[PDB]
Every structure is written in structure tokens, then in C-alpha cells.
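Take a look at this single chain in C-alpha cells; it is the form deposited in one PDB entry.
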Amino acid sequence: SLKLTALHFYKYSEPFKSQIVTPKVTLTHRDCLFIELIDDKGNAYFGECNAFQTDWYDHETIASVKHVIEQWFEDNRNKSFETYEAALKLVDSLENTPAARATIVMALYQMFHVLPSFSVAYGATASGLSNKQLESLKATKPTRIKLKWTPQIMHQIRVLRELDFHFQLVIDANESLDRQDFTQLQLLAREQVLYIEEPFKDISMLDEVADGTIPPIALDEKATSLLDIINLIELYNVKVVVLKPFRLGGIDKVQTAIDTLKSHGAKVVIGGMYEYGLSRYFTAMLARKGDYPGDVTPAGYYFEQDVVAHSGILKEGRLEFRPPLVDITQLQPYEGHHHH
């Protein structure tokens, strides 16, 4: 029954194997804040933060999170806390900063739990369709494949279905559709789509066609807390919820949300976002509790070198996880200037 005793901030940065284009920015490096908490018994526990260099995705940043954790440590260092529950009640006040909260929870979780070894069913996302891409998916043989929405989606579907194995088909629609698209969406109901993520930026568009007509809908970016989820599930015919730990504010909130929505009839999927192998482990850990394969991407898919080596190694259509051990040599500290 322990006190917290030291805090080191670290920073890490790696090339993406391919560049990522987002609306506001192109990504070449995954910049990432790591923390390390040390108890009075001499033990080191690491947390990985999902925040980015700049505020393009979210109001929280690597610099903003570092400040919030810094100040949480000062308010809470050399406090005795007995249980995991007691430890978590010290990050109640961080609820309005879920990325900072999740980073700490990742560390705190490890202080009170043994870390299983396990495998999860591989859910692939397809970036665009090409001939190297398809021969990759022949090799990997995933149980689910995810497609981005394009005007050319129907064609992309048929192109995909030419692989010789069965898989589940998900569409990510990225909040971009309109009464443009009703014809396309209703025709898609015949195409065995497991779910479509976030078709509309405005959720109320959903009762403008009488449900059963289009494929099952999923929440993703609108899954901002367990409240907002249950509200939307009741008000609209949504059957799938995508849960990300950085959005809800930690592992604990995700675990709560899994349990609640297991009874509540909605299917549940767990996901991450350009994670290193520490965060990936915890995400996957939660993902095996979901009804469908998670947005968890294999080791060596984004990054040649990781801070946790081969966290999520793909073998026979499944991703393999052992307890995450941080290569402290790969990390550099926060405050300095470093070659990598």
C-alpha cells in the first residue's frame, strides 16, 4: 500500500513507414509522450500518452498533457493509497483532460494487476487499394477488413471480395456523408457490411431513413463518454460502439463501458490511434473483450523500431501480446535535444 516517489518524462518519435495525410496536416513522425512513475518500493511503471505535437486532432497536446501530469504529481506525491480504486479516485479531477488521465491510469493499472499473455483476432484497415496491398491481405488473412468511404466504395468492395477467404466488412465514413448518399447507403444494406462508422456529422440525420434500410451504424468520434453513448444508443438505432481509451479517459473507463454495454444490447469494438507498443498492449488487452476485432494494428505495421519490441506480432490471422517491457535505451528524456 504505496506512495508515489519519482516521475520522469520521456519523449519518442519514429518515421511512419508510409506518410499519413490528415485534413489539417501530414504526419511523418509519431511524436509521443511517455511517463514513468516510481513507488517507494523501487518499482518503475510506464504510461504512454496518445496526444500529438500540435492540437490538430484534439485540444490536448504533448506539452499540455506534460504540464497536467507534472501538476497532478505535485498534488499527489507521497500520499498513501491502498487499493486500485483509491489510486483511481486521485485522477477524478483529471476527467476534463482524458488524454492526461489515460496516461496515468495506464501506469496505475500496472501497479495492481498481473499482465496476461494473449492473442486477439486481427482486424485490418485498408488505406487505399493497390496490388501490394491486396497481396499483403492474402498473406495476413484477417477476419475483418475496414474500408474508408470513397465515391468508389462499391467497386472497392467488389475488388476486396475477390480474395479467396471469408472476412467481415466494415466501412469508415469519417462523418462526411449527406442526403447525397442515401441511395448508396441503402444499396450497401444488401452488401453484408458488418457496420458503418459515423456516416453523418449530425446524428439526427439517422431517422430520415427508416432503419433496417441501411447497414448497422457505429459510433466512433461521438463515443466521447459512457453517458453520450447511452443517450445516442437509445435515441437512434445504433448497434456498434467504438471505444478508445484516450477518448473516455483511461483503461478503467473503457472496462466500465464494456460491462455496461454488454447488457445494453450494443456491440462493442476497442480501438487505438497510431500507438506505440506500450499503449497497443493495453488497447489489445481491452479489445479481446469486444464483440468484433479491434482497431489494433500489428507490430511493425507503422514503425520498424518500437519502444516495446514485437507487441502485437501477427501469426495465423491473430496478433500476439506478452507483458510489455520498455526498451529504456530507445527512449530519450523530454527536456533535452536528441538525435534518435
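Residue numbers count along the first chain shown, from 1. For clarity, a rigid core is taken as the largest C-alpha set superposing within 1.5 Å between two forms. First, how it differs from the form deposited in another entry.
With the core fitted between the two forms, just one of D259, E74, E95, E85 shows a Cα displacement of at least 2 Å, namely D259.
With the core held fixed, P199 shows a CA shift of 2 Å or greater between the two forms.
When the rigid core is held fixed, the Cα atom of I145 travels less than 2 angstroms between the two forms. Relative to the superposed core, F118 undergoes a Cα shift smaller than 2 Å between the two forms.
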The other form holds:
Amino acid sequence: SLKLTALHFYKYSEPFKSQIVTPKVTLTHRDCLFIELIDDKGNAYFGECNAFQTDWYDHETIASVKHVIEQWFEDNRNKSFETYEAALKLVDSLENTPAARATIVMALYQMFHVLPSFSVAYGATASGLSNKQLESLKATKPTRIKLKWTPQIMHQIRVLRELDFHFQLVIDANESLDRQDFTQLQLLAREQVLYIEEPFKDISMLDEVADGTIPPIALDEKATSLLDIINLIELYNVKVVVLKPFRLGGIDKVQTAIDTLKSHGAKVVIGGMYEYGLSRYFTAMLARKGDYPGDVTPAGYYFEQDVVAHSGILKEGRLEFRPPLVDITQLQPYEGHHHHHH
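What about the form deposited in another entry, after the form deposited in one PDB entry?
A single chain, with no partners or molecules, comes next.
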């Protein structure tokens, strides 16, 4: 039997090695909320929140999640629970704030499971094809390469297909294409593209091209909730869904979502978004549940310094994960007298 005795909030904020520049946001740093729940034996368990500092991606922010979790703890502190399933009942009421819910569930999961060490497939991402990028691909031999749609797409695929190893090709089109791209999309179908993520901002454009003449279509940005994913699958010819556990409300919601989406004829890929090494571990752990290898980002891809080191080290085409142990000295109190600045 366990009871929760204390809650602490912390912040981490490392720079992105390369500034993030997208139509939705510019990010210089990944601001991130961490929670620590301490049980009645004095055992501390950490959770990593996937909300951002402002609402550029989603309505839940670091600040909104902090207030939600703080109230949740007031409502649930010192309550006894016997099992993982009893613990999850306590976060039933957080359905409407899935980012907050996922943060708590990440901590609760650790109270009831012995965490394995394991590997997942390495998939590379390329936004273009500089010498630095090409040399990395050649050296690391990924089994999947995700290439960003640009005007150079076909000219770059031709370089990639001369690389001395076979890989699955995914294209990320970033909700950026229009009717003038249909011809190219149809040509792209002859290049063994496993799927294309989000060709169109307006999903109804899929109805304008002959079905089966473009690559299989994935939801990423539009994979916002299980219910809206289902609504889109029932209306349009979507075959692949990129599932981010935090968007579903946490670790515990992933398998049910997968079972349901497979019953509607979709395939699932587990993915993440700008994670530190704590969340990255749980995303990787869940990746084998998907129909295709997960979109797991390697250790060090975004951040020079991490709160959990060695979380997804690339070795011989696979990413290696260890039970994640937060380095407490990297965290800072979120607020109050012990939140300092320099």
C-alpha cells in the first residue's frame, strides 16, 4: 500500500543545439516542467511534462499544467492505493487535461513496474541533404529515413537510394502541400514511400487525387485525440497515425488507442516531441506496441546537456535505453524562495 506525501515542481531549460524555426514557433530553448512525487516511505518518483511554455502547439502550457497538478495533489494526497490500477483511478478526473495527466502517470508507473533496459530501431530525420547530413546517414546506417518535403525531394531521394544500405523512406510534408503538388505526390508513389506525414493542411484535399496513386497518408499534427483521430479515419483515406502518448493522456492510454485504431484499419507509429531523457525512455518503451518502428529521437539530438544522460544512445543502428534516473542537480525549483536566477 502507498500514499503520496509530497509534491515538488522543477524546471529544466536547455538550448536547442540548432534553433527550432517552424511556421508555428521559434524555440531557442526547451522549457520543461518536471514533477516529483514522494510517497509515505520517502521514495521520490519523477514525471516529465510535454507542455510548452506558451500555447503555440496546444492549449495546455507549463503554467496551466502546474496549477492542475497542484490542485490534483491537494485532492489526492495521503489517500491510500494498493495497485497501479487503483492509482490510475485517481487521475480519471484529469481526462480534459491530458498533458497534466500524462505527467502524473509517468511518475505513478514507476511506483509499480521494474523498468527494463532495451533498444529500439534508429530512424534518421533529414530536413535536406547537406554533406554533414549525408555523412551522418552513411556512418550510422539507419533502417528508416524521414525526409522533409522540399522542392529538392526527388533530387535527394536519388542520392539516398545510392546509399550502400536499404532503408524505409518516410516523407514529412508538414501540412504544406497544395493542388500544384499532386503530380509530384503521384511520382513519389513510385519510390516505395512507406507513408507521407500530413501532405495537406486541409485534409479534404485527399479526396481530389485518385486513391492509391499517392503514398499512404499519416496523421501527425492532426492526431490530437483518439476521438478526433477516429473521426478523420472514418472520413478520409488515412492509413497511419503517429501517436504521442501525452496527447492521449499518458502511458496507460496507448494500448487501448492502438487496439481501437487498428479496429478502424489504421496502423500506428509511436512518437515524441522535443523530449528530455526521462520522457524519451517511456516513449521508446512503448514503441514496440506500434505497427511500424517508433519515431524515437536519439540522445543528444537536440540537447547538449540532459536531465537523464545516456537515454537513447545510438549503437550499431539501434538506440539503447537504461532505466531513467533524473540527475537532480540539473533541475531547479520551479517557483518560490528557492527559484533563483543568475
